[PDB]
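Part of the complex only, each chain left as placed.
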Amino acid sequence: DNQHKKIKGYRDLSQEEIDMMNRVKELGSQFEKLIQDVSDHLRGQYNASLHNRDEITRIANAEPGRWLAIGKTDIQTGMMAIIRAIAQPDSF
Amino acid sequence: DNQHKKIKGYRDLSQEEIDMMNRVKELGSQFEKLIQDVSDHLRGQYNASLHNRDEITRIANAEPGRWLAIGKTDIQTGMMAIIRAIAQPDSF
Amino acid sequence: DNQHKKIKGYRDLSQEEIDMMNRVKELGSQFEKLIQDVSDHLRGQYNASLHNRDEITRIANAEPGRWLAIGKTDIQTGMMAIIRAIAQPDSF
Amino acid sequence: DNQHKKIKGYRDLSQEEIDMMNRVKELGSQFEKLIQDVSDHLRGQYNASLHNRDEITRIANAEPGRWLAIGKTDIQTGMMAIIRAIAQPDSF
């Protein structure tokens, strides 16, 4: 029982606080399925212009899977900070 | 007409690409209304524990409006990078 | 009981995992006292060169309390990501 | 002699300033040994659940070495900004 009460910074939460943290996570699921859709598209448009070197140089220069990775990380860290704003740990 | 074709890095987009960029922005609207809801909550719980100095020190130490600001920025920059992954500008 | 088991992404943790998360937080306390020491120093060197406009322009241009704020945020988000690496939530 | 006086933004430092910058770096050594310990743990728990596909999918989905990498970078950039707050270069 109660493993998070062993971690420093635990605060008792309301249901209202817990509902807001699950609403953050629910919306992050919708971003997850969106990034998966963008990843499928990038993988489709890379394979559908095989042997066309000008478009493969165009995709290599645009670096879109890297930017999709930067986008996923910032969505996730943003969710973590909104959750921190709601949970409010008494710890640095 | 066509002001973005004056900006360096313009690429012609498909409707499929434009639909994906508007789907990013639509989901960011849902995060916008969520952060507004969290902001209303923090402003409610600050005012509802006026003159209780221990809880005002507890809110001051937790810094939740600052973390909500860090959360909003990272959601926005994450949306900007996913949109960059789809639009793919031919520019640094 | 068990409020974090109501939040999506909960995973059962070992004591070894809990000890590592508290070791992250303990070290963040040492960074907290360090940033407090740097903040006291900046507030000391601002007041100890009152009316010297060249040094007040030198402090204003260097922007050190802003950089100390950027430093505190990155220490905190770094602690949050190491804790995420240990806790490993089954959620986006 | 004096190679950093060839770099734009050099400022003469006190011993008090130099002691604070070395205290930042000393504490970053303690974070370095912590991240090494977390890295050893993740490499241990990956190998100790070889051929269990459900736990390898659980580790792959949690992405913990990636989050440990995000955590290391933010600890380092946070140390760089606290050091900038102390050193205060006269340069953008």
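Read from first to last, the chains carry the letters A, B, C and D; within each, the first residue is number 1.
Throughout what follows, a contact is a pair of C-beta atoms (placed from the backbone, for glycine too) under 8 Å apart; a residue touches a chain by one contact, two chains touch by 3 or more.
The complex is a homo-oligomer: every protein chain shares one sequence, and counting across the whole structure file gives 6 copies, of which 4 are shown.
Quick note on the criterion: only the chains that are shown with their structure count from here on.
More than half of the contact pairs at A-B come back, by residue number, in C-D, the repeat among A-C or C-D. Distance between Cα centroids is largest for the pairing of chain D with B. Our note on geometry: chain C versus chain D, Cα centroid distance of 13 Å, whole angstroms. Centroid to centroid, with C-alpha atoms defining each point, chain B and chain D lie 27 Å apart. As a whole-number value, the distance joining the C-alpha centres of chain A and chain C reads 22 Å.
Listed for chain D are residues 70, each touching two or more other chains.
Those residues of chain D whose C-beta lies close enough to touch chain C in the complex are 16, 20, 23-24, 27, 30-31, 34-35, 37-38, 41-42, 58-59, 61-62, 64-65, 67-68, 70-82, 84-86, 88-90. For chain A in complex with chain C, the touching residues are 1-4, 6-9, 12-13, 18, 21-22, 25-26, 28-29, 31-32, 76-77, 79-81, 84, 91-92.
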